[PDB]
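Shown next as structure tokens: one chain only, the form deposited in one PDB entry.
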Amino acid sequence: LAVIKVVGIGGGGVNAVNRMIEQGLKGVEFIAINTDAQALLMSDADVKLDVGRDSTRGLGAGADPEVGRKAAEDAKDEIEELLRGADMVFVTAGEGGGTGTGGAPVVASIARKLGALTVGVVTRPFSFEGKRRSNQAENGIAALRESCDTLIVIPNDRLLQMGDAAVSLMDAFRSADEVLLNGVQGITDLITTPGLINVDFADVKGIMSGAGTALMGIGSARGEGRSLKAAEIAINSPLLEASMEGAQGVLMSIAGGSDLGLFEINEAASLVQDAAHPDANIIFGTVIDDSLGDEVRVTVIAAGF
């Protein structure tokens, strides 16, 4: 029985976590960490830690990653005591600001020192947010990559090539929330709510330990050929950056109702094998989600390029 903790750090990471809780992600503990007390009062997370209170006064790191790093580092004994006991820790954030960029690698190092399987799931900021945010994100992601077993990086620019062409700014960030949720859930649900093909904590640990930098694809479909269509959308996802063909490690999850049959699961698995690198290690798992109706949802995590 694996204990899984999902940490959101900074405003975007805390909003993603609220989204995960709102959509009913189960079997995990939710921890919100931020440098803004008011923002934390609105969070529904199980654990809420306000950090950098004297350096920031509950107003955020003002986009300075050094302030975020030092806020997390000063609270490190306390974060450690919140994490101890976890088998698996997710660290989620929008890279580019001060709190998430700076604090995420601290939270991840602590998880990794404890020997929890440590997965980062972060976005790169949209190009329209400016060169400073993109540059801070890039350094934040390099730092985090040193501290995580696997680091899933979602390029927010690619999200604009999905969903609706007439989205607002608020919509774009809700979509970033959703994808961070998809990243976490596509993995955690293999463990907490397996279907016919059970990929347990040990299997996940074996493919994700020390895997390095990763990308994700997602796909969903209904009606005839839903499994094949969902997998083909996930494999060709703009978030995966056309790089599925080069990944050496691939974890795939297919979610559907109680009645998702082996035939459908296997058809999706077969399309994914064919698209993969010839020497790829691919693990295929299933998820029971009875709220899905006639839809199935495929998530692909690709690493080892």
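Positions refer to the first chain, counted from 1. Basically, rigid core = biggest C-alpha set you can superpose within 1.5 Å across the two forms. Compared with the form deposited in another entry:
Once you line up the core between these two forms, the CA of 61 is the only one from 251, 61, 32, 268 that shifts by 2 Å or more.
For comparison with the form deposited in one PDB entry, kindly provide the form deposited in another entry.
Just this one chain is shown here; partners and other molecules are left out.
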């Protein structure tokens, strides 16, 4: 039984972790790291960690990656203790800010030296947030990639092509929350709550260790030929580029109720096998989830380029 910790660092990461908690992501410990005491108050994470300066006083708002990086190393001993003896560590953040952008590569480096399989799950900022954030996020991703075994990057721009035409500025970030959850849960659920086609940690570790940069796709469908449709949506998801075939490795999960048909599972499995490069390592499994009813959702992670 695996020890999996999910770290949400910076404002966005903490909000993402709250969505995960709110949605009932199980079998994982949630850690919230921030510089701001006030924002940490609204967090529902098991473990919270205030860092850097007091938010109750001076400059909480400034978004400097250098500030966030320094704050992290001033807490390296405390962080290491929170990640003590974990088998897997997820580092979720919204790239572009200060706390997340600079702090994340530190948290990951620590988790990796502890010997844990280190998976970063971050978002690229929306273009409407300006080039300054686009720039910072770009360096923050370069850095975090060095510290992770695998780094899944979700381009926020593509979420707007999926969400409704008339969405608020707040609905936009709720989608960002939801997709970060999708990334994490799509992987952890394979381990914590497997179905008929059982995948164990060793399989996942094999496909994700030193994988480098990675991308994800999600899909879901109902009733009539659902599993195939869901799988098809996932492999064609805009979040995943055309570069599904360019992947060295593919991790795939299909979640559904206890009554998830073997035939269904097989059709999804076959589709991904055909869609991926002939030489790619493909590991795939099923997840039991009664909260889905008669809907099934497929997650595809494509790694190694």
